[PDB]
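Shown here is one chain on its own, the form deposited without this ligand, set out as structure tokens.
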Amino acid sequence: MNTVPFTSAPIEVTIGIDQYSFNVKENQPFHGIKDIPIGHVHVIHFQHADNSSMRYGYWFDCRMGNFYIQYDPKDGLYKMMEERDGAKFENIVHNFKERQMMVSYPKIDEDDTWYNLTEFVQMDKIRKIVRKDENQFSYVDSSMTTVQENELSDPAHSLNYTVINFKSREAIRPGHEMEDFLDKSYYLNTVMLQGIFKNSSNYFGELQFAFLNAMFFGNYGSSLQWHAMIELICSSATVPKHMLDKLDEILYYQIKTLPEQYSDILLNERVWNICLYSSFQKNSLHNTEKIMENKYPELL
């Protein structure tokens, strides 16, 4: 069980750690988060009280280094940093733990939600989507745009999601125009899975990471990418059976975790009604269809 200590909390802020969150008041004696489960990526995110504009945060894996948070009063945010001095870190954490100034990662033992939302997400792939190679952790915020978005403006601050475009030469073989547009299996299986992602685990990892950025940061281009990767599977007549079963589990937990009062902006009516009711895979997502119909029947 690992720890992300805080130097201090000089400004009042809601702090998220994965699917949890808690309020910290200005200059409250708060010195971070303990008992973080090892084996999963994590995100720690921030919404200042004064400016609910800009949710931001840091994807990290405590196996990759000792990380702490320190507010920067110049740039005006809570920044993640790595401590290279291992004994300085242990000693600081130990003191904060002795004075009980850390909140405990509040994982219920029956609860596999986080695992289920991050099953295929790996830091190494996150870092290729979020290029900032001098750090072991990755910064994301609400306003960052995606590479595909920029083709339609700062390259360094972009989300490098895999570009998916159904009306593109990559997606449509010369001479198979109708076939490939109405049945995207070629594009799913050969172009993307075999060509680009290499396997379905990497595909599902990007899809899960896009959902998490949409949900935690309201990042619009991430939400576009999540829906695009769902629609490409659902619009393919030929999908490995194991991928269909897993997709159903993946979306089930995403739908289960979504805040009830964010569904209107985070869920695309057209995509979901098509996937659940018109697409090739309309009969293959039993768990997702049941939770969607019981929780958001208005969207449909």
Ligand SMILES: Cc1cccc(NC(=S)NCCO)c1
The other form holds:
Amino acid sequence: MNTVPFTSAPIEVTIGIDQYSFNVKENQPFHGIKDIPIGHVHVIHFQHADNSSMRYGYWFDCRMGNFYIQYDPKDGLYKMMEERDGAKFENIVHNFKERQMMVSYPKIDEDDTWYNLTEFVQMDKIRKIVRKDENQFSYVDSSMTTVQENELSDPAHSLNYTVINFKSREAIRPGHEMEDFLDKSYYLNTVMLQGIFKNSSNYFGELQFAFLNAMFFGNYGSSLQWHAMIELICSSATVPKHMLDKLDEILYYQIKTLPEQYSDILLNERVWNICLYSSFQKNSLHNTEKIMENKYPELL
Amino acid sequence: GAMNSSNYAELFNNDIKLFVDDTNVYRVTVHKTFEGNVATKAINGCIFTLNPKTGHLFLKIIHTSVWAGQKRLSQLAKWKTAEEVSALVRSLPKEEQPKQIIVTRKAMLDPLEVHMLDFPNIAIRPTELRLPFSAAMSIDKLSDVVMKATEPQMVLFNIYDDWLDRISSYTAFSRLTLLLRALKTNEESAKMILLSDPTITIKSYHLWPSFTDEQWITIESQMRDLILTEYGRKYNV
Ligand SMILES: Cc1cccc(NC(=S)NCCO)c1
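The block above covers the form deposited without this ligand; next, return the form deposited with this ligand bound.
So here's everything in the complex, that chain up top.
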């Protein structure tokens, strides 16, 4: 069980850790989060009390180093930093643990939610989507645009998701125009899975990371990517059986975790209705269809 | 974007453009079977691809053999149309290729866009105009070449005959659409109007009769009266 200490909390802020959120008051004696489960990526995120504009946060894995948070009054945000002096870090955290200045990662023993949302997400793949090689952790915020969005403007600050475009030469073989547009199996299985992602685990990992960035930061380009990666599978007549079953589980837990009040902005009516009721896979996502119909029957 | 009455003069500027109408590609007659079920029998069709500035018509005849053993023919017809239009563009010299293709039915947008991916600089556009090009098969010489075809075939026409010698392309297109709207609303009466006078003939190399300027004024008025009369007979006004 690892720890992300805070130097201090000089500005009032809502702090999220995975699907949990809590409020810290201005200059409240707060020095971090302890008992963070080892074995998963995590995200620590922020929304300032005075300016709800810009949710921002950091993806990290405590197996890759000792990380802490410190407020920068010049740039006006909570920054993640790495501590290279391990004895110093341990001594700081111990002091703070003995003074009971740290909140506890509140995982229920029965609860597999975070595992289910991050099953295929790997820090090394996050760092290829979010390019900042001098750090072991990755910054994301509400406003970052994707590479695809930047084609239709700071490259260093982009989300480098795999570009999916159904009306592109990459997606459409010459001489198979109708076939490939109406059945995207070629594009899914040969171009994307065999060619670019190499396996379904990497595809699912990017899909899961896109969803989490949409949900936690309201990142619009991430929501577009999530829906595009769902639609590419549902619009393929030929999908490995284990992929369909896993996709059903992935989406079920995403829909389960989504805040009921954000469904208007985070769910695309056309994609979901096509996927659940028209596509080749309309009968392959039983768990997702049941939770969608009971939780969001208005969208459908 | 879309083509409407606000940007109508664009049709007659010097950017090459083509209208594509797919309404006569897939044509059937519906009939009873011996067991009392219903079946369709395809008949030959055509793609209507028209340059509205010059009157050049690229009439691609769709022979019924293209449907043999195929499913979902109304969907296939849109993709076959897009394939043939793309093939026509590739066959034209670069300086003759269109800068825009305007489809008369919005369901042609995605098929044509996908077939034209190699031509990113050719704009594929819909239109808000309700153009009467479905009535192309009411022109006797066009209907005749389609029905007689025994194999796929492209036939080239000028749908304006020699009118551009005397009028502008705006006026020629206006005359064309009036004639076709009349043929679409009441084919029998429209043909009676166009041929009632035995002394005015259709040249071997033309589609329409050889009316003088004054005779075209009379004809155009008669076509308007017909369209209006039918509008009354229809809605009882
Ligand atoms: C780490 C921390 C501290 C205080 C509150 C929270 N927020 C939530 S949703 N906890 C789960 C409530 O059962 C998280």
